[PDB]
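Now for the letters of each chain:
2 protein chains.
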Amino acid sequence: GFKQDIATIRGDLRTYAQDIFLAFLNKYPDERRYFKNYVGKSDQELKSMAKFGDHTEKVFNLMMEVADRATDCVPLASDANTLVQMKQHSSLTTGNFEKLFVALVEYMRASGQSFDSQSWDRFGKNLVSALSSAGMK
Amino acid sequence: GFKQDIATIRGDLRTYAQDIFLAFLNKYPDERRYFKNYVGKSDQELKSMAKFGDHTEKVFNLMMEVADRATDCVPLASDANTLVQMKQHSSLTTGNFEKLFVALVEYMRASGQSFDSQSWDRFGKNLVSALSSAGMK
Ligand code: HEM
Ligand code: HEM
Ligand SMILES: [Xe]
Ligand SMILES: [Xe]
Ligand SMILES: [Xe]
Ligand SMILES: [Xe]
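Chain order of the listed sequences is B and A. Just so we're aligned: the first sequence equals residues 1 to 137 in the deposited numbering. Just so we're aligned: the second sequence equals residues 1 to 137 in the deposited numbering.
Careful, some of the hints might be misleading.
[What the hints assert, rightly or not] Here are some chain A residues the structure puts well away from chain B; computed CB gaps all over 10 Å:
(1) 14
(2) 22
(3) 27
(4) 39
(5) 91
[To be verified] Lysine-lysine pairs mimicking DSS-like chemistry, simulated, CA-CA at most 25 Å apart:
(6) 125(B) <-> 41(A)
(7) 137(A) <-> 36(A)
(8) 125(A) <-> 137(A)
(9) 58(A) <-> 47(A)
(10) 41(B) <-> 27(B)
(11) 27(A) <-> 125(B)
(12) 47(A) <-> 125(B)
(13) 47(B) <-> 58(B)
(14) 58(A) <-> 87(A)
[To be verified] Covered by chain A, according to a simulated footprint, are these stretches of chain B (three or more residues, beta-carbon under 8 Å):
(15) 27-33
(16) 124-136
Just so you know, the hints here were simulated from the structure itself, not pulled from any lab data. Even for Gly, the Cβ is constructed at its ideal location relative to N, Cα and C.
The following block holds chain B by itself, in its conformation from the complex:
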C-alpha cells in the first residue's frame, strides 16, 4: 500500500527520485521553464549534473515526509502551507503539482512493481486541494 510505497521509495531514494522527476520532465517538457539549466539535455546528461541529483533528492526527501505525515493520503495543512510559502515555489500554481503527480502515477503504473498507484493519485489530488486551501492559485 501507500505506507509501504514510502518505504520502497526511501530504500532507493536517489534512483527513484531521478527516474520519477525525469518521467515528469519528459511527459511535460515545458515544465523545465521553472528550473535552471535543465533544457537541452538528455536524461543521462541531467543525471551527471550534481545539482540535478541534489535537487531531486531534496524534493523526494520532502515528498516522502509529507506522504508519511498524511492520514489516508490526506496531507497536513502545515505541509501544504510550507510548500506554498517556499520562496522557490513563488512562480507555481496547483497545475504544476497536478502534472507532477500524473507523471508519478503513470511511472508507477508503467513499472513491473506493486506500487499502490491509485493511492498516489488520491494523495496528489488531496495535496492540490490542500495547496488551494493554503492559498496557492
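Once you have looked at the hints, place chain A with the ligands on chain B.
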C-alpha cells in the same frame, strides 16, 4: 510437486504466510479494506502487531490443511463449505479468493524456489469452483 510445496510452506509458515499475504495486499490494494487494522501501516509496522502475525499464520495453516486434504489439487467439499460458512468470510465473493491465488502463484513464480506454481494455480481454480458449488457468490 504440490505435496513438497506444502512441506516447504509449513517449514517456515510465518515467513511465507506474511510474505504471500503482503504480496496479495500490494497487488490488490483495495483488498486491505477487509483488514481495517492493517490500513496505513508499512510491512514492518504490520509485523510488529501481534494479530498480524497470528492471523496470517492461521490463514495459511488452514490453507495448507485444505491443500493437504485435497486429491490431485481438488479440495474436499467439506473444506470448501467451512471457508464459505466462516463468519469472517460473510462479505466475500469468489473473486476475493481468485485474487489471493493470482498473487500466491505470482509470488511462487517470482521466487528463486522450484514451487509447482501450475498446481497452485489449478488448486486455486478448483477451490473457487468448490466455493461456488458450496454457495459462495
Ligand atoms: C510535493 C511536491 C514538491 C515538493 C515536496 C517540492 C520540494 C522542493 C524542495 C525541497 C526544494 C529545494 C531543493 C533544494 O534546495 O535543492 C524545491 C525547489 C524548487 N521547486 Fe519544488 N517541490 C515540489 C513540487 C514542485 C513542482 C511541481 C515544481 C514545478 C513544476 C517545483 C519547482 C521548484 C523550483 C523551480 C525549485 C528551485 C529550483 C531548484 O531547486 O532546482 N516544485 N522544491
Ligand atoms: C483459502 C484461502 C483462505 C483461508 C484458508 C482463510 C482462512 C482464514 C482463517 C483461519 C481466519 C481466522 C484467523 C484467526 O482465527 O485469527 C480468517 C479470517 C479472515 N479472513 Fe480468511 N481465508 C482465506 C481467504 C480469504 C480472503 C481471500 C479474504 C478476503 C480478501 C479473507 C478475509 C478474511 C477476513 C477479513 C478475516 C478476519 C480478519 C482477520 O483475521 O484478519 N479470507 N481467514
Ligand atoms: Xe518537482
Ligand atoms: Xe512540507
Ligand atoms: Xe487472505
Ligand atoms: Xe477449511
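How the hints compare with the structure:
1. With a least CB separation of 19 Å from chain B, residue 14(A) remains clear of the 10 Å interface cut-off, as annotated.
2. Against the 10 Å criterion, residue 22(A) falls within the reach of chain B, whose nearest CB is about 8 Å from its own CB.
3. Interface exclusion of residue 27(A) from chain B breaks down, the closest Cβ pair being 5 Å apart, not more than 10 Å.
4. Not every C-beta of chain B lies more than 10 Å from that of residue 39(A), the closest at about 8 Å, which undercuts listing it as non-interface.
5. The Cβ of residue 91(A) lies farther than 10 Å from every Cβ of chain B, with a closest approach of about 20 Å, so its non-interface assignment holds.
6. A C-alpha spacing of about 21 Å is found between residue 125(B) and residue 41(A), which places the hinted pair at or below 25 Å, so the restraint holds.
7. Between residue 137(A) and residue 36(A), the direct Cα distance comes to roughly 23 Å. Compliance with the 25 Å bound is thereby established for this hinted pair.
8. Distance restraint check for residue 125(A) and residue 137(A): the Cα-Cα separation of roughly 15 Å lies within the 25 Å cut-off, and the hinted pair is therefore satisfied.
9. Our distance criterion of 25 Å between C-alpha atoms is met by residue 58(A) and residue 47(A), whose separation comes to about 14 Å.
10. Taking the CA atoms of residue 41(B) and residue 27(B), the gap is about 15 Å. The hint holds against a cut of 25 Å.
11. Between residue 27(A) and residue 125(B) the alpha-carbon distance is near 22 Å, which keeps this suggested pair within the 25 Å criterion.
12. Distance hint between residue 47(A) and residue 125(B) is unfulfilled; the C-alpha atoms sit about 30 Å from each other, more than 25 Å.
13. Our distance criterion of 25 Å between C-alpha atoms is met by residue 47(B) and residue 58(B), whose separation comes to about 15 Å.
14. Between residue 58(A) and residue 87(A) the alpha-carbon distance is near 15 Å, which keeps this suggested pair within the 25 Å criterion.
15. Taking a C-beta to C-beta cut-off of 8 Å, the region 27-33 of chain B contributes 0 residues in contact with chain A, too few for the three needed, and the coverage statement is violated.
16. Restraint check on the region 124-136 of chain B versus chain A: 0 residues with Cβ-Cβ distances below 8 Å, three needed, restraint violated.
Violated hints, listed in ascending order, are 2, 3, 4, 12, 15 and 16; each of the other numbered hints is respected by the structure.
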